[PDB]
Amino acid sequence: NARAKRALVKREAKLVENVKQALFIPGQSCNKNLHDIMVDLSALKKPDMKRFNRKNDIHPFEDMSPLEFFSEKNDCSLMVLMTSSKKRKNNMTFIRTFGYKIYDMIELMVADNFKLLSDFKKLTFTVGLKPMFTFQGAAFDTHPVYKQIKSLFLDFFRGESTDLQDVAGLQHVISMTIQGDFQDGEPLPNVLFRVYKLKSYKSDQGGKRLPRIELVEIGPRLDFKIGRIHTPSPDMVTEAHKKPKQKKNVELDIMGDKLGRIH
Amino acid sequence: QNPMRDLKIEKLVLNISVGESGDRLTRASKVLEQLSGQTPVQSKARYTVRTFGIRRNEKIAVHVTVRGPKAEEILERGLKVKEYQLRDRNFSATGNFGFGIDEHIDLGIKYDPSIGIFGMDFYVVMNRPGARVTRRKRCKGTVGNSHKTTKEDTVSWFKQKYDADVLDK
Amino acid sequence: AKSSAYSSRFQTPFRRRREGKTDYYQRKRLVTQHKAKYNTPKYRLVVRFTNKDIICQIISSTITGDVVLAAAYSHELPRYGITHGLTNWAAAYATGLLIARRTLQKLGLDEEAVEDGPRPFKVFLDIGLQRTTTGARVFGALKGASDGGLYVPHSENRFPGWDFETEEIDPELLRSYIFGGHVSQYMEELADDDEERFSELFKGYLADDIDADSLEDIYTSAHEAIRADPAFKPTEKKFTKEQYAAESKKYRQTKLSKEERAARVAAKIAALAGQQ
Amino acid sequence: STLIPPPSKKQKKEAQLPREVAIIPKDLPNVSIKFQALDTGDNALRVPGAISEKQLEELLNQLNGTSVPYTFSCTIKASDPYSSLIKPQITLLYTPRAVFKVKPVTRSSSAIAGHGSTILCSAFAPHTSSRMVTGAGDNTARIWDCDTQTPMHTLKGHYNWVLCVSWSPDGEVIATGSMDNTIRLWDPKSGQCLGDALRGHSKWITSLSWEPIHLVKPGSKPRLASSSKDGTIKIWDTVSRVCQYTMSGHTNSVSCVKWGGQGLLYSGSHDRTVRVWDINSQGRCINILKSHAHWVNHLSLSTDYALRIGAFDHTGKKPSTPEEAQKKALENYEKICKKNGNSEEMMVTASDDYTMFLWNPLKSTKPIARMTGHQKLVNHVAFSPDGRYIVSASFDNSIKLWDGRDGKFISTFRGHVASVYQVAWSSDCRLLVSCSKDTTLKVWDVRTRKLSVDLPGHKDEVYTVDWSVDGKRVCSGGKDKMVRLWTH
Amino acid sequence: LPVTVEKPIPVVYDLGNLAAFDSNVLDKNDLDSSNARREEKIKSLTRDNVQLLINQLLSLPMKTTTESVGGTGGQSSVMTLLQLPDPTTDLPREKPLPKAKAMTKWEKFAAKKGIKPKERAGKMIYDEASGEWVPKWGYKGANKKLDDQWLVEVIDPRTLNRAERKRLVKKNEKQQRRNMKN
RNA sequence: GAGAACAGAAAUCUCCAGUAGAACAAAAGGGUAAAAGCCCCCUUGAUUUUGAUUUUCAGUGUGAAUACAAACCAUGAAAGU
RNA sequence: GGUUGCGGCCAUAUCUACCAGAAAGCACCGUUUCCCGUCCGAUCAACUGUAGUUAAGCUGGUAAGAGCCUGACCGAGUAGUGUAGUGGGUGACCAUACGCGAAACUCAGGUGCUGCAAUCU
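Read top to bottom, the protein sequences are chains A, B, C, D and E. Numbers 9 to 254, 260 to 276, taken from UniProt numbering, label the letters of the first sequence in order. Under UniProt numbering, think of the first position of the second sequence as 6, with each following residue one higher. Numbers 7 to 117, 133 to 297, taken from UniProt numbering, label the letters of the third sequence in order. Numbers 2 to 44, 48 to 71, 75 to 83, 87 to 91, 102 to 108, 116 to 515, taken from UniProt numbering, label the letters of the fourth sequence in order. Numbers 9 to 162, 174 to 201, taken from UniProt numbering, label the letters of the fifth sequence in order.
Hint data in this document are derived by calculation from the structure and do not stem from the laboratory. By construction, the Cβ of each residue, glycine as well, lies at the ideal position given by its N, Cα and C atoms. Some hints here could point you the wrong way.
Only pairs whose alpha carbons sit at most 25 Å apart, straight line, appear in this in silico BS3-like list of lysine-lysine [said to hold, decoys possible]:
{"#": "1", "chain 1": "A", "residue 1": "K210", "chain 2": "D", "residue 2": "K58"}
{"#": "2", "chain 1": "A", "residue 1": "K63", "chain 2": "A", "residue 2": "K28"}
{"#": "3", "chain 1": "D", "residue 1": "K130", "chain 2": "D", "residue 2": "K345"}
{"#": "4", "chain 1": "A", "residue 1": "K18", "chain 2": "C", "residue 2": "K41"}
{"#": "5", "chain 1": "E", "residue 1": "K193", "chain 2": "A", "residue 2": "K13"}
{"#": "6", "chain 1": "E", "residue 1": "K109", "chain 2": "A", "residue 2": "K250"}
{"#": "7", "chain 1": "E", "residue 1": "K193", "chain 2": "E", "residue 2": "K109"}
{"#": "8", "chain 1": "B", "residue 1": "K16", "chain 2": "B", "residue 2": "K75"}
{"#": "9", "chain 1": "E", "residue 1": "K71", "chain 2": "D", "residue 2": "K10"}
{"#": "10", "chain 1": "E", "residue 1": "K36", "chain 2": "A", "residue 2": "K233"}
{"#": "11", "chain 1": "C", "residue 1": "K289", "chain 2": "C", "residue 2": "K276"}
{"#": "12", "chain 1": "D", "residue 1": "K13", "chain 2": "A", "residue 2": "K253"}
{"#": "13", "chain 1": "D", "residue 1": "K435", "chain 2": "D", "residue 2": "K393"}
{"#": "14", "chain 1": "A", "residue 1": "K207", "chain 2": "A", "residue 2": "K129"}
{"#": "15", "chain 1": "C", "residue 1": "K48", "chain 2": "A", "residue 2": "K129"}
{"#": "16", "chain 1": "D", "residue 1": "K35", "chain 2": "D", "residue 2": "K58"}
{"#": "17", "chain 1": "E", "residue 1": "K15", "chain 2": "D", "residue 2": "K27"}
{"#": "18", "chain 1": "A", "residue 1": "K216", "chain 2": "D", "residue 2": "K58"}
{"#": "19", "chain 1": "D", "residue 1": "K11", "chain 2": "A", "residue 2": "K260"}
{"#": "20", "chain 1": "A", "residue 1": "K207", "chain 2": "E", "residue 2": "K49"}
{"#": "21", "chain 1": "C", "residue 1": "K41", "chain 2": "A", "residue 2": "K207"}
{"#": "22", "chain 1": "D", "residue 1": "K13", "chain 2": "A", "residue 2": "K251"}
{"#": "23", "chain 1": "C", "residue 1": "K112", "chain 2": "A", "residue 2": "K129"}
{"#": "24", "chain 1": "D", "residue 1": "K366", "chain 2": "D", "residue 2": "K435"}
{"#": "25", "chain 1": "D", "residue 1": "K10", "chain 2": "A", "residue 2": "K253"}
{"#": "26", "chain 1": "D", "residue 1": "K390", "chain 2": "D", "residue 2": "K362"}
On the chain A side, residues computed to face chain D include the following (Cβ under 8 Å) [what the hints assert, rightly or not]:
{"#": "27", "residue": "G215"}
{"#": "28", "residue": "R217"}
{"#": "29", "residue": "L218"}
{"#": "30", "residue": "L265"}
{"#": "31", "residue": "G269"}
All chains, please: the whole structure from these sequences, using the hints.
This is the structure we're talking about:
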């Protein structure tokens, strides 16, 4: 009676939200190199994640209804579709939804010089912490495509929001870097995805407070090439970017004490 | 070859189904109790039947399982009653076997006119060492082909110790 | 008979799962500490009980498939001077008293940390696949760790000597099990009643000619010795890597070619077909 | 749960700005430094660039020529230890540590059941933290194995309650004071009655203090001293089992007794009077101290932590012979004793006039200073091990820190809700445990003058605590019957 | 060993999500895919930003509680967790805001005659004979005495009440559907 | 499907199978498999206290409903839920 | 390399029928006083490493096996289809062009890879 209520309570809307649940779908044309990169990318987004076994016939820019059909079933806003072709080799298509309706799409085609967690020297880690971030580029701020890519990966990989954070949790960092500066007119450069684990050292010139940080690679090394991009409608931005809504000459003091200025 | 893959008895399971529930049920229970030392168990009816006059969950039948020496005693003691003569059936393809007797007095045991007569189902289930594999919780497995109990191997075992006769085609 | 279509159809459980030792449902709950309230690293004392043997293991949690900080074992106890009763509860408690010292010793607090200080190492205990019951030897090992000063949250309950029909514990009964004096008492019973069974059981001890009352005192001494030298030592070994490999491959069957298989069929259709 | 109230709409936008960093700009201004000891000596002027406080040890150690590390302070207005110079020449105040770290005691081990009554007292062994005796309102005392959390010989003998207990500083003998009339000496290992019980006092026994080691001859056992409610004090010899001399100066009951440094008993009593008592005169009074308007509860000495342990320092590594034990007992004494190269033992008292007077009985029968502060009665007093801070427990739910040398007020510890019964120190002189009429015990960081960690556990009143000398372990005991042990 | 990192342009931070936005000018042929010495430049560039991200985080305020031993959903004493701010960075939300505000007919009426909605204490009504308390709705209801009990006074009386309950239960579950619609 | 006296088309016991013609509150579409199915043990719930909703005539430092959060309660060896 | 314990991927790891295993380690195995749970020491519980045994489990090998997976100008630039033309045709629907572009089918290869710690002629 009151089991599958609690499904619908979680799947209903909520002021302080849950984690956006990831869904990695193999498309029709998936292959073992991509199926690795899927899992290497998923291993960061653990736990809040699902994979299929099957190879599904989807064509995002032709027909959207299967993606909403999957999203509404599983209750998963973040979707990643895996396609491959001679035009678009290793095509990872990133999708987000807003109330089980399509918010945006962006196609990231993976370069041939990727490297996986098996390849690098294997080092200490914990399952499903908060990552740190670095975004190297002014284009991330200014340019709307790279604003959308900035809007993706933070929303993807952050996991749970929180007011309050441990030291020992701060183990690793995602690095996004755009491949050089560019002018409008030119081809759009690649986006380099690198993943580093930290190592502290006792620095002297800092002292007790500030350490020396030393990064070490673990991967997965990915280099993304931009494809077709479906942008949101300007009303749906106004809906999506909306606060929950939940004083003049009136201040709380310390001790509570609701004080009022006379003036 | 055989060292130690011998042919021990897993268990004897005695059973008395009762058409009715009441005195005559709890008395059948009492028979299995004093015979086994152990308290017996009351199976319920699985559905309502009508031509048997029984309803779902009625409590219909008692039984008891017995393992190690006491098993073999009651086996042989009942085995006597059947003249040391079973049948070519009676043995299962997976190498167990069973028989019945009517009248629970034909194997020790007095009568008591405030108790009545029942008879019994005897069923003797056989194994080798390492049957545990298909029975323990941890590393649970299935037993390989040339370790499984068979009809041939159990009948041969029966024909030997006990000395009894098989009968039939 | 199986329908070939069905054999395709069914989806296998997790390979490791399918194996009886390890359970995937339980793991999920241990996969995330909460993890919503805060971000914290996780340490777990994985305990399994193997025949003729005691094993205690402590495992980091990692998308690699994990790393071990400390390793505690029954064969260590002979080095600490206890040969006897590895399966026994008493012996398990010593493993707990010992594991904790080595990790502390390597960790270096006695004998990125900023804004203070030593910090208290908190390890959530592993279930294993073992059933939970009071006076379990699994929970004996937990109590051992507490002497070590490891914190898992626990009850006095699942120790032996726990009264069901009141929320109370006897420390004397728990004290006996640590020593293995209860097991020693059973030896006394065997000495007074029979000696057919006495020869069969504790036969090694009898070769030693140690006595049950004395064994309790001997057990007491061993606990003290563990604290003195908990660092651990590794055995020097006879025979290299390569030899062990070579001798093993004498009895390890080896692959074939398609070419060899092609002959075997051709050979087969020569024999078993063409009119005998 | 009434909350700490939330941050306002502006106070968020304060936090959202990037700010500060630790930095240290370079830092090299040439500011002049003076060096001063807290004992007496000033030692004269250097003028370096700015450096970390680990390095200012290495500047001192070569100058004095030691390798002794040192703790530092400055601005004595203020009193507070580049880390100084951000608050704006510097008079640097150096002082020795005794180098250590005893840990903050956080976790309970689970509650040890046993005897079915309230627990009245609870003393650790000096030499090891495994051994710990408890005296209950059940007629049994009990010795606990504390590593295994279980009873090592459940101990019987008496036919009333057992009010105080004490472990001898050599660590051979336990002594148990009683609500009847008797004392019973015990061996830890056997747990058996060493002869007949010591009988002599007419009413119940109030406290028991041992003759410390450095007085006693190498190859003789230490004598006991016992105060009782009739008001006499007797001095018990352990071998012969008979008192040498009764001492009967006090009219009313004696609240506690202590055996001092230089052959000198001190006895805090209910006739408002503190009697300094020489051993060599064979039962005779020398000086009689009068301040208090009420009776005197408890009497702490500067040496008392050293006299209690007697030779066994924190490792507990034993003396090989009595002639070694003489020297080890003398050396632990002479760590604290020679402060200015002179054996100035401080004595301090508590009483229901809400006041502690500070005494130096060899030098003057006058008092030095009047520590006055509390509202309701003070109950326990304690010097810190190094004789540097004093602290006293009170019935107004608050523990006041007083400087040991001049009896000057420092600070107050606030946190306890109901009345505080007794306190004890960590050996390194940093942490400080306290027990209350409510459930909770708390531990107090003396350096920052603050609550380090609250620890709840018990179901009822908690009378007794003690800290183990090594400083792994803390005991407790009270009205709910269950002995709880506490650790890191 | 040197910790602090100058740049030409100031770094724009987000300590809610833990991010460091860097607008300083990158070289092409450093990060071109033909380059042998490519990756160490990305490591060198990132290590600066991560250092600058940490050197903020350690200068935040931190919670330092005195509670210990089973703080049943929180931190121990000798942790010390760092008080982060909120996100500056505006995400898009997962779902639209939970506001399906209907009045539903009763509450319209309950405005016009108020009917301040009630103090709402609990289940247990008092029985007289029995002496004991006994609810109401819950268990052994003051609803279902008449069904169980043994004589009635003044066609069956009980099953009329079993009807006349289920009329009112139907009526509530009907009167939902109009207010669910509107 | 293969066996066991009375015992039969349906009485209970025993061995091997249904990737689920298990029943998962529901409706489907997926996957849980040492389960959410069946059986046993342990137990309140319409809790109390404060910022957003709205309603009062003693505007009742909120009096009570409602939205959320926090202490608490239940259970378990705990992880937790 | 073998083996135990923990695993990551989660069928190249499973399923069916046979075959082999030196060492150690798993394992089966013996016993019911103690704590514990059962209709039943079979499960679970404890005690011993003794009396025995590689017979299973486990790990490899075997087979034009049953499945699954990868690769391809094998099928195929095929169907599907955006866009363009006052293209065709009575309609149903289908060529031309500028762009993307599947799956069965058919042939070829493979039959688990690997993180951490201890221990073996």
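Okay, the hints, checked on the actual structure:
1. Between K210 (chain A) and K58 (chain D), the direct Cα distance comes to roughly 14 Å. Compliance with the 25 Å bound is thereby established for this hinted pair.
2. Distance hint between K63 (chain A) and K28 (chain A) is fulfilled; the C-alpha atoms sit about 23 Å from each other, no more than 25 Å.
3. Proposed proximity of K130 (chain D) and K345 (chain D) is supported: the alpha carbons are some 24 Å apart, at most 25 Å.
4. A C-alpha spacing of about 17 Å is found between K18 (chain A) and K41 (chain C), which places the hinted pair at or below 25 Å, so the restraint holds.
5. Proximity of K193 (chain E) to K13 (chain A) is assessed by CA-CA distance (about 21 Å); at most 25 Å being required, the pair is judged to hold.
6. Of the supplied pair hints, the one linking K109 (chain E) and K250 (chain A) holds, its CA atoms being roughly 18 Å apart against a limit of 25 Å.
7. The hinted pair formed by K193 (chain E) and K109 (chain E) meets the criterion: a straight-line CA distance of about 20 Å does not exceed 25 Å.
8. For the suggested pair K16 (chain B) and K75 (chain B), the alpha carbons sit about 10 Å apart, so the restraint of at most 25 Å is met.
9. Distance hint between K71 (chain E) and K10 (chain D) is fulfilled; the C-alpha atoms sit about 20 Å from each other, no more than 25 Å.
10. About 16 Å separates the Cα atoms of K36 (chain E) and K233 (chain A), which keeps this hinted pair within 25 Å; it holds.
11. About 20 Å separates the Cα atoms of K289 (chain C) and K276 (chain C), which keeps this hinted pair within 25 Å; it holds.
12. Simply put, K13 (chain D) and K253 (chain A) have alpha-carbon atoms about 16 Å apart, close enough for the 25 Å limit, and the pair holds.
13. For the suggested pair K435 (chain D) and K393 (chain D), the alpha carbons sit about 17 Å apart, so the restraint of at most 25 Å is met.
14. For the hint pairing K207 (chain A) with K129 (chain A), the CA-to-CA distance comes to about 15 Å; that is within 25 Å, so the pair holds.
15. Restraint check for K48 (chain C) and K129 (chain A): satisfied, since their Cα atoms lie roughly 22 Å apart, inside the 25 Å limit.
16. Between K35 (chain D) and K58 (chain D), the direct Cα distance comes to roughly 17 Å. Compliance with the 25 Å bound is thereby established for this hinted pair.
17. Distance restraint check for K15 (chain E) and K27 (chain D): the Cα-Cα separation of roughly 18 Å lies within the 25 Å cut-off, and the hinted pair is therefore satisfied.
18. Between the alpha carbons of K216 (chain A) and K58 (chain D) the distance comes to roughly 11 Å, so the proposed pair stays at or under 25 Å and holds.
19. Restraint check for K11 (chain D) and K260 (chain A): the C-alpha separation of about 12 Å stays at or below 25 Å, so the hint holds.
20. With a C-alpha separation of about 18 Å, the suggested pair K207 (chain A) and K49 (chain E) falls inside the 25 Å cut-off, and the hint holds.
21. Restraint check for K41 (chain C) and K207 (chain A): satisfied, since their Cα atoms lie roughly 23 Å apart, inside the 25 Å limit.
22. Restraint check: the Cα-Cα separation between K13 (chain D) and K251 (chain A) comes to about 16 Å, which is no more than 25 Å; the hinted pair holds.
23. A C-alpha spacing of about 24 Å is found between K112 (chain C) and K129 (chain A), which places the hinted pair at or below 25 Å, so the restraint holds.
24. Distance hint between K366 (chain D) and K435 (chain D) is fulfilled; the C-alpha atoms sit about 18 Å from each other, no more than 25 Å.
25. Restraint check for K10 (chain D) and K253 (chain A): the C-alpha separation of about 13 Å stays at or below 25 Å, so the hint holds.
26. A C-alpha spacing of about 21 Å is found between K390 (chain D) and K362 (chain D), which places the hinted pair at or below 25 Å, so the restraint holds.
27. Contact between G215 (chain A) and chain D, as hinted, is supported at the beta carbon level, the nearest pair being about 6 Å apart and thus within 8 Å.
28. Interface restraint check: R217 (chain A) against chain D, minimum CB-CB distance 4 Å, threshold 8 Å, status holds.
29. With 8 Å as the threshold, the beta carbon of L218 (chain A) comes within range of chain D, its nearest partner Cβ sitting at about 5 Å, so the hint holds.
30. Annotation: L265 (chain A) was flagged as interfacial toward chain D, and the flag holds, the nearest CB pair being 6 Å apart, inside 8 Å.
31. Satisfaction of the interface hint for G269 (chain A) is found here, the shortest Cβ-Cβ separation to chain D being roughly 5 Å, below the 8 Å cut-off.
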